[PDB]
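Let the sequences and hints guide you as you build the complete structure.
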Amino acid sequence: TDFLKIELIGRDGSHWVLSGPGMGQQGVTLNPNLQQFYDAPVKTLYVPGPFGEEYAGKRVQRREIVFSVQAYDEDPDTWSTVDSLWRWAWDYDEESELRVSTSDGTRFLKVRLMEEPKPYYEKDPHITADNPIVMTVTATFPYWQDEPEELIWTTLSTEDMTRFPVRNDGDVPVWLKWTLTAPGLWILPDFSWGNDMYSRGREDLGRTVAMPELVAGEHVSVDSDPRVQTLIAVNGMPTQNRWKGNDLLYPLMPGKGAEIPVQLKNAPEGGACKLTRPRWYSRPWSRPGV
Amino acid sequence: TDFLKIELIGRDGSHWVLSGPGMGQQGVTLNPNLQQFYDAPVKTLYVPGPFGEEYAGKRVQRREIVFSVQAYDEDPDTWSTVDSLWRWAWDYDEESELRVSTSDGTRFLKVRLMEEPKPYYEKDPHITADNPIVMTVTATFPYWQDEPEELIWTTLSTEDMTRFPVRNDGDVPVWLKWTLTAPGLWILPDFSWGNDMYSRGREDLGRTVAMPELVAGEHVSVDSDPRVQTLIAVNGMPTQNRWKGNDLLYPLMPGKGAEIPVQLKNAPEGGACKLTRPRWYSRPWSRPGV
Amino acid sequence: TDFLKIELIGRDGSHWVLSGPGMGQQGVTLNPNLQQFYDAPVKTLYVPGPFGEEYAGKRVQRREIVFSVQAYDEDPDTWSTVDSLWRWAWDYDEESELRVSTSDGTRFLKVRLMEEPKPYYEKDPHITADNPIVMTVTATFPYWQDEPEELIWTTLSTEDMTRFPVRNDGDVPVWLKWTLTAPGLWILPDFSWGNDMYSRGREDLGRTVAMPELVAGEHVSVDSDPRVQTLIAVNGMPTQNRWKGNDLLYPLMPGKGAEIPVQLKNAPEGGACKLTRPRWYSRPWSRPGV
Amino acid sequence: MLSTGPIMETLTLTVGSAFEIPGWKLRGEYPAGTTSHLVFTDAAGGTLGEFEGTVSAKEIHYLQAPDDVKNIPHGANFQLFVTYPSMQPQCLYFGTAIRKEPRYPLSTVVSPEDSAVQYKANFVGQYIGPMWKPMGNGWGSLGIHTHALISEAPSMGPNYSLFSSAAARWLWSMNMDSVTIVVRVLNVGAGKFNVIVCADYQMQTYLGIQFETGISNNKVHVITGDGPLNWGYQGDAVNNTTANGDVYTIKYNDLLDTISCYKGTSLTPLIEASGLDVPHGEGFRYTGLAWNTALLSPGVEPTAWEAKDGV
Amino acid sequence: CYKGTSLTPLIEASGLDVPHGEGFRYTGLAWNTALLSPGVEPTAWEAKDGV
Amino acid sequence: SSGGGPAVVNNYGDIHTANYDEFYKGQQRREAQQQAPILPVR
Amino acid sequence: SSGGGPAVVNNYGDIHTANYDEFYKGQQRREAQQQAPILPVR
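Chains as they are written, first to last, in PDB author numbering: chain m, 2 to 291; chain r, 2 to 291; chain q, 2 to 291; chain a, 1 to 311; chain b, 261 to 311; chain U, 1658 to 1699; chain S, 1658 to 1699.
Honestly, the hints are just simulated from the structure, not real lab data.
Yeah, the Cβ is synthetic: ideal placement off N, Cα and C, and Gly gets one too.
Hints are not guaranteed to be accurate.
Cross-link-like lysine-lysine pairs, in silico, DSS-like; alpha carbons within 25 angstroms at most [unchecked claim]:
| # | chain 1 | residue 1 | chain 2 | residue 2 |
| --- | --- | --- | --- | --- |
| 1 | r | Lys124 | q | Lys119 |
| 2 | a | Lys100 | a | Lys133 |
| 3 | m | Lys124 | r | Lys6 |
| 4 | a | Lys100 | m | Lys124 |
| 5 | q | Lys257 | a | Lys120 |
| 6 | r | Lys44 | m | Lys111 |
| 7 | r | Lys6 | r | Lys111 |
| 8 | r | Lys124 | q | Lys6 |
| 9 | m | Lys124 | r | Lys119 |
| 10 | r | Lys119 | q | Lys44 |
| 11 | b | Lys308 | b | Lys263 |
| 12 | r | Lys44 | q | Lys44 |
| 13 | b | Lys263 | a | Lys263 |
| 14 | r | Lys266 | r | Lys245 |
To spell it out: a stretch of chain r is covered by chain m in this simulated footprint if at least three of its residues, at any positions, have a beta carbon under 8 angstroms from a beta carbon of chain m; those stretches are [said to hold, decoys possible]:
| # | region |
| --- | --- |
| 15 | 53-60 |
| 16 | 193-207 |
| 17 | 277-288 |
Here it is, written out as C-alpha cells:
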C-alpha cells in the first residue's frame, strides 16, 4: 500500500523495495507473515510474594525476525542474477539496514543473518524463476530508530554555560552522547528525569557531573549508553582512568525534556560541545507521544 | 533444466547425472526436496547484553544433505544391476564428489554416507523395478569447492624473489598451501588482508614470516589450514622446533588479493615454490562479487 | 516375484517360504513394509573441528528388523497348528536363519526374537483363521553372509611353505580363520592390505606373525575376528598364554586379494592347514565388487 | 512509479563465439537517424567495452567478433541505450553479462606424474587369462603348454591346434618410455620368439628383440614392427644359444635412445641397437610377445614374464 | 654383487632355500664388529624395484 | 512404526520421563561405595 | 513457524534431549579444576 514502504539497504549498499510503492522493481518482493517485526520483544520478571508474584522489572530482548521474500524474473538467468544479488546483500558479521517509511517518518532496524537462508522450492529454481527465500534475521539492537537530533554549542570564553533543549518523543528511554573539545573542564547534566531506578528519582533531579580536566588535544566522546565505554579520548589517552569511578547513570526518559545545562571552565582557547539525542522507538510507526 | 546440471562422481570413479541434460542415462535420477544443499549452514553465537543479547561470532556447521534418488529400468535384473552400482558408488570412510554445473561454472562438494541408505518401497523392489533410495550424506567440509589454483616459481639463483598473484573471488576466506624445496631459507607472506582477529589487522598488512633454514632433502609443505600442521617435512625431521613460535595466522580474506612476495635466500642449487590457493564457495552457484 | 525368495529356517529346523516361488505353502506369508532389512545400520562419528565437525569413524549397529507375517488356513484348527508351528520356529536364546535367494546367490541372516511377538487382530483369531503376527527380531551380527571359502593344504615335509589365494568380493571387511595341526611352528600372514587403521598401512603390507610352537596333539584354531579369542587349542591348553601379546590385527579389506603365504617349520610328522574366508555382505543381494 | 525505468536482462558471452543480439527481440518503431549503443562496464565504473548497434526501421541488431567481447569478464554490467533523433538517450535494458562457456580451472594440466609400474606373469592356470590380448590371429589364438615331459614350468604359446604364429599384448600400458622386460624362456623346439616394446595398441610399430632357436639359426635379432605378426630386422645379429630356463633382460632406454639385451647376470649387452625409427611417447607404451614356428609344435617360449617401467 | 661399474658380478649365488614372493620383500642393513669402533659402513643407500 | 516414535525416544535416552533426584542419589551411592571403606574411623 | 515448536523448545532449554551423565561429569570436572591444585600431594 501507499501508507507503508519497506526497504532493505544491504551491507554492500544495494537498495531494495520489498513492499510499498515501487516494490519488486529489483525483483524481490516481501511475502506475508513476518514475525517479531513490529513490537520490541520484552520479557517481564516476577518474584514470589504473599499474593502470588510481585513485579521485578523488565528486560528487552533481541529481535528474531523470520520473513520470506520472493525473487522473480522472466528468464532463469536474470533470476539467478537477482537471487545472487539478494544473497550478497546479507551477511552474518555485519548488519544491513531495514527501513520502514510511513506518515510518521522513516525508521530503520539493523539486522544480520541469524542462520543460513532457506531458498527455493522442492524442485530446482530454474524451472520457475520465481522462488521464495525464507530468512531468519536478527536485531541485536531491538529498537527501531530515526536519525538522532544533534545540537552544537561553541564558545570563545574561558568560562561559559549553555542550555540544550532535549525532549524524548519516543516510546523508550534514550541515552545521550556528548562530544567535548579540549582543553577545558566540562560539567555535564545527568538529570534523573524522575527515574526511580536507583531510588534517587528526585534527589538526582538536577544532577551535574564534572568530567576530568582535559589536556590539550584530548577531545572526548562521552556516550552514556551501556553498550559502549562512557569516556573515550580521540588521542587515545585514558581519560576515564582519571574519573574516580564517576559515570552518567540516567537515560532521557520518554515524555521528558528540559533545557539541560552545560558548563565549561578553564578553557583558554574556548571550546565546543555537541549533544546527540537518539530517537529510539519500539515500533516501526507510532504517533508522537507527549 | 539446462541451466543446472547435477552429477555424482563416486568413490569408484562412476559418473552419474542426476539432474540436468543427460539425466537418468545411468538409470538414476534425482527426486525433489533436497535439504541443506545450497547455503552453507552457519550458526551465530550471541552473548547477553544491555539490550538483550549481543553478537559474538559465527560458526560454520558440517552439511547434512538428505536427498532421494530414483533408480529405474525396464527389467528387474538390469534394474538390480543399476541399484547395486549406485550403492557401490558410496561409502562411509571415503568421500565422493557431488558436482553442480551452472553458468557460473562447476563446483563440487565432498560428501560421504552419514548413515545407511533407506531403499525401496514397502513391497518387493523387483515388482516395480523403479524404486527410490533415500540418502543421508554429510559434508565434513561444508563449502562448495572449485579446482584450486596452482602456481610454480623455479629459480636457479642462490637468492631470488617473486610476486605471486593471489585473489579470493569467493565469499569465504581460504587458506594457502606452499610447497618449498630444500635447501634454502624461505620468507613467505602472512598478510593479514585487514583481518583483525589477532588485534593486528593493520600492523600485519605486510607481514612476512621467515621459515627455518632447510637442510638438503628437507622439502616442506607449509599449509595454513588449521586442520593440518603448518610445517611438514617430507623426510620426517622435526622442522617446527627451529621455528621459535612463529606461525602463519591469516587466511586470504574474500575480495582481497595482491602480488604477495616470496623470497628465497642461501640456496646453493636454486629452489622451487608451489602456491596452492583453494577456491571455496558457500553456494553451488553465485555471481562474482567485489 | 521370481527374482527374490525369502525363507525362514527356525530354531527347530522347520522350513518356511515367506516370499518368492512357493510362498505360503506352509501357511505363512510375508506382509509388506519390513524395515532395517536391506542395509546394515551404521552410525558415523564426528569430532568438533575448525570448519564444523570432522569425520571420526564408523560403527556398525545391530539390526532391529520389524516385519509382519500372515498365517492362514481354511479351517481354524489347522490355522492354530500353523500359528503354533510358527511360534515354535522362533526363540530368544537361539537364533533362526533368514535366507534371501536372488540371482546373486543365497545369503542368510541369523535373527532372534527381540521381544514377544504381537499376534492376531482385535477379535479372536479363530473367527478369521487368517491373522497377522508382528515380529520384532534382531540380528546381533548385522551382515548378510554366504558360506565361507575354505582351502586346505596338507604336507609331509618337516619344513614347507604354501600360498593361499584370497579375495574379498564383498563390500565389508572379513576376518580370516585358520585351523592348524600340531606339532609344528606356523608363520601366518597378517597383511594390512594397505589398511591405515593403525597408521601402519604400507608398513604392514607383508606382515607375518609366528604362532607359538605347538606340542603334540595341540591342534589350534586361529580366528582373527574380534568376537572370539584368537588362539584356541582343541586339547584345552592355553596356547595364547605362550603367545606373548601377539595377535592378528588386520581383516581382509574389500576389493583386496593375494596369495598369502603360510610357513610350517619344526614339524616332524608334517602338518595340515585350513583357511576359512567368510563372505560377509551388508545387503541381501548385490553385484560382485571389484 | 511516475518515471519508467530500464528492464533487467542478461547477455551471454562465449569464447570463440560471435556476440550477436538478434533484431527480432529489439523490435520497435525507430525513425531514420535513431542510434543505439551498448556499454559494458566493470564494478568500478570503467568501460570494458562499447559497441554500436545496427538500427533499422523496425529492429536493432548487434553483431561483434569474438575478439571484441573476449575481454569482458563474467558478471560485468551492461547498459543498452537508444537515442531517437533530436532526443536524449534512454536506457532500454541493463544488467550483467554472464559467460556461458566451458571453464578451465587448471591453468596448465601438466602431464600427471604417473609413477613407475610393474607387472608379472607365470602361466600356472589352465588358460591364458584376460591379461593377454591376442593380436593378429584374433581371439583364442593363445594357450598354455605344460612341458611335463621335461619337468618345466608351463609356457605361453600359440594354440597349435589351428595356429602356427601368434602375438599377444599386455592388457595394461607402461607409464614411461624407458622399460625393462625380464623373460625366463625355454627352448623345447625350433622357432622364433619376439619380445615387443614401445608398441601401439594394435602392435603396428614397435621395437623388439627376437630369439631364433633352431638347428642352424641360434641367433638373436633386433626387429622393428610392421603388423603384429610381421617385422623387419635391423642391423646385424649375434649368435646365441638358449638353454631351458634362460633369463633375458630387454631394456629400452629413452634417453640415450637404445634397445639392449642381457643374458642372465651379465651386464654386457649381448645385442644392442640405437636410433631405430619407431614412434615413441604417449600411446606407444604397450608391450607384448610373439611366436612364429615353421612346424606345429612349441619352439622357444616364455615360462615367466616381467615388466618394469624405467631402466 | 657387482663392484663399482664392473659388468661381471663380483660374487654370485643361486638357488638358496629362502621363501620368496609377497611378504618377503623387505630389505635392510646389518653391522657386526668385534671392537667398539666403526668398520664397514654405508654412506649412501639406495633401493629400486626390479633388475 | 518403531522408528520415529517412543521406540526411538528410548534410543534418544532420558529425554522423556527421567528423574533428577534418583540419579543424584545413585551417583551419591556410588561415590559412597568408593570412598566409605577408606575413610577413617576417628 | 519457529515460535511454538522446537525453536521455542530450544528457548525452554533442556526439556527434550538432555542427559544427566555428561552434566554430572562436567560439574565434577569443574570442581576438580577448582580443587585439584590446592589439594596436598601427601
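Evaluation of the provided hints:
no. : hint                     : result
1   : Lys124(r) with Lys119(q) : holds (21 angstroms)
2   : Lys100(a) with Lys133(a) : violated (44 angstroms)
3   : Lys124(m) with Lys6(r)   : holds (13 angstroms)
4   : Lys100(a) with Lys124(m) : holds (23 angstroms)
5   : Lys257(q) with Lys120(a) : holds (18 angstroms)
6   : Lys44(r) with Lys111(m)  : holds (19 angstroms)
7   : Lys6(r) with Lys111(r)   : holds (17 angstroms)
8   : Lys124(r) with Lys6(q)   : holds (13 angstroms)
9   : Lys124(m) with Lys119(r) : holds (21 angstroms)
10  : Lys119(r) with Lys44(q)  : holds (14 angstroms)
11  : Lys308(b) with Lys263(b) : holds (17 angstroms)
12  : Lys44(r) with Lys44(q)   : holds (24 angstroms)
13  : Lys263(b) with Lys263(a) : holds (19 angstroms)
14  : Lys266(r) with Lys245(r) : holds (19 angstroms)
15  : 53-60                    : holds (count 5)
16  : 193-207                  : violated (count 0)
17  : 277-288                  : holds (count 4)
When each numbered hint is compared with the structure, violations occur for hints 2 and 16.
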